[PDB]
Every structure is written in C-alpha cells, then in structure tokens.
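Student: The lines below spell out each chain.
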Amino acid sequence: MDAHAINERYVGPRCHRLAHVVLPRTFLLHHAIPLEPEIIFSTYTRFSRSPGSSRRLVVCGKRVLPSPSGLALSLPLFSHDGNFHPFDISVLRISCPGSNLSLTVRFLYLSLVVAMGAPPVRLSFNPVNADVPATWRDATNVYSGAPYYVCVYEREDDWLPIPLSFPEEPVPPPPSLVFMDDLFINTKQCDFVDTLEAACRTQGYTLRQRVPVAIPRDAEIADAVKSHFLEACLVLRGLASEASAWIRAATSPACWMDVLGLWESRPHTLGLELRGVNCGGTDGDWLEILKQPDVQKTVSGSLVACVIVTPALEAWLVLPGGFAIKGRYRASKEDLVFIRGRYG
Amino acid sequence: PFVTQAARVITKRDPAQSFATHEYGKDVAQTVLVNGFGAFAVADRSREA
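Residue numbers (the working numbering), protein chains in the order written: chain A, 1 to 344; chain B, 1 to 49.
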C-alpha cells in the first residue's frame, strides 16, 4: 500500500489523474503474473477517434501482505482537452529485465472512472505517507472477467462529477469499438490466409518442397502433412492477438517468427526474433533458418506449423516436411499509421 | 438435488512449500464431486437397471 503514495509524487504530476488499482490473486492467476520484486511495469493508453498514442510511464508496484490482498499499482489517466473519453483503453505492460516475459494487461476507462465515483527561513518537509485512508470499491475487468479493487483516497471538487465526453453519431457499436484491436488484426489475419489459398490455386492445389528433409515412405504420412495445412488455416484465422509476429515486423525500427500450436496441443509463442538471419528467399538463406532450434522441430516433428515474416511483410507458412507457401500481409499506408501509433 | 456437479478446488500450498518453477506450481488442486457418491462394482444381473 506504499506504491500508491509513491506514484502520486513521481507519476502523479506527469499525469492528469491516477487510477489507484489493487489486483487480487484471482486476477493474477488468470493473467499469470509471477510476483518477483524484479518486475518493471510500464503503462500507456490507446486513444480512440483521435491519433492514438500516449507516452510510456514506469509505475512502481509492490505486493501487499495481509481487507484485500495482492499486487498494488496505479494506473495513469490522460485528459486531452479537459475531459476523458469513455471508450479509451489503458494498457499495462509487464516485463522482467533479464528473462523472456512480456504480458499485456488492458483496462477500460468506464470500469475506472465509474469506480472513482462515490532569522533562518523555513523549508517544508513532505515525506511519503500511508496516513491517508482508503475506500475500497469493487470493479470487474471487461476483457477477462476477473475482479479488481480500486482505492479512493481523501484529499470545485464535490460540486462536479468526473467529466466524460461520450462519442457522437454516427458511431460503430460499442461491442465493436471496445475491441478495436481484435477486429483489426483478425481481418488482417483473414486476409493473410486468403493469399495462401490463392497461392495454391496458381500452383494447381499443390505443396512444393523448399527445405530438404527426407520423408519416410508411407501413404498415411503423405495424407498427414495435408492435414497440417488445413489445421493451420483454422488457427491463423481464429488467431487475433496483440503481439503477433507481423506487428513486430511493421514496428521494427530481421525476420520475425512465431510457431503455432496445432489441434490445441500447445500454447502459442508469438514474436520470436530471428537474430542474424536475412530471409532473402535464396537457397543459401534457408540454411541459416535451419540452424534455429525451432525450425528443426517444426519440420522433423509434428503438430507444429511455423510462420516466418520478413520486414517487407512477406511471410511463409512452414509445414512439417519442409513444405512452404509464400504469402503476404497487406498493410496500407493508413494502416501503418494505425499500427505504429497504438502498438509500437 | 439436480445432476451431480464437479467443483474443482484450487488452493495455495502451505508456506513451507511455496517454491516452484512456473507460476501455477505454487497452487495444487483437488476435485470434489458434489451430490454424488462412491460405489463398488454393481452386480452383473442388474447392470441394465
């Protein structure tokens, strides 16, 4: 409970209002946040019906040992031109300095803004104190459905409620404006698969080898590799994720790779970087791909497809057996301003 | 009661044992079959019943 009062003196002035938030373990078990003291938190908000980006801020968080119990934080709220927007996502990014861990925790303002509603000369001495009492108010996250607590500390204040500026007509439906990100990436993924299915039609519904890997002679195995391509089309369409590989390729300033979990036998790991491999498409460059430990098991093994994305937004779908199909993510110039603003 | 339901109980481990590799390894689970019962082998002469 110290991290609320620390942030009001260092993150506090650099914002407009703070959202004091305490996360219970039921929220921590869902988003899988391993509570070590090494964790660096980073916060930024994604605006709507405006050019969407706010600056990134580092917020301190401490475990509260016991009346709730859990991780304690403070979220920034930004008021451009004197008011809040209701449909305006505040993104919490959790990462460790050394290891491989990146988690995105997303909050909406209407779950926070509503939850806030009820002789030598003298030098001043103002230390950080937990003397101010807390008023615990309940909330639910819209995205996960796990409850989290909100503090309200005591200090033209009691006269007015918290200003909101609701959107104006014509407006898309707020089930579609809340999930602005998951309906943008899903249509890019569904247009990525349509390039792969068009590439089979120009070749005559075939799958050509690219990687020299010997195949044991059985007719059921030749039917099994075909089943890896159709299952990967059920996955790439159904996948709509914030941290996909092509998004890192669009906001890169190097090949970007993410393996897949076919038939739900694995969870997806997204955004793996190929450091030191230049995907030029020549037969010299595929050997540098094969030195990776992932690509050897996506091809010799089974149940895992693999997607390798160039910085020119051209991507191959690597199947087990060495088969590959060139595809292309189509991102317009208006779309790249939308992606590099909110994400990168 | 209605149809017998399965409620799974996930608790934190005792603070002697709170050391694990992954984050779910601090929690160990148990299934409690609510409104059912345990039973031996039913006779084969009335298996249809």
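Keep in mind that a hint or two might mislead.
Claimed, not checked - When the alpha-carbon atoms are kept at most 20 Å apart in a straight line, the in silico EDC-like pairs for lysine to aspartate or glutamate are as follows:
id : chain 1 : residue 1 : chain 2 : residue 2
1  : B       : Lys26     : B       : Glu48
2  : B       : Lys26     : A       : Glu314
3  : A       : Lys62     : B       : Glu48
4  : A       : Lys226    : A       : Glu264
5  : A       : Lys326    : A       : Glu264
6  : A       : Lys297    : A       : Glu264
7  : A       : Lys188    : A       : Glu314
8  : A       : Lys333    : A       : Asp223
9  : B       : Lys12     : A       : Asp181
10 : B       : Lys26     : A       : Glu38
11 : B       : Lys26     : B       : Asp14
12 : A       : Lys62     : A       : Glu36
In case anyone wonders, no lab produced these hints; they're calculated from the structure.
Student: Of the numbered hints stated previously, which ones are contradicted by the structure, given in increasing order?
Tutor: 1, 2, 3, 5, 8 and 9
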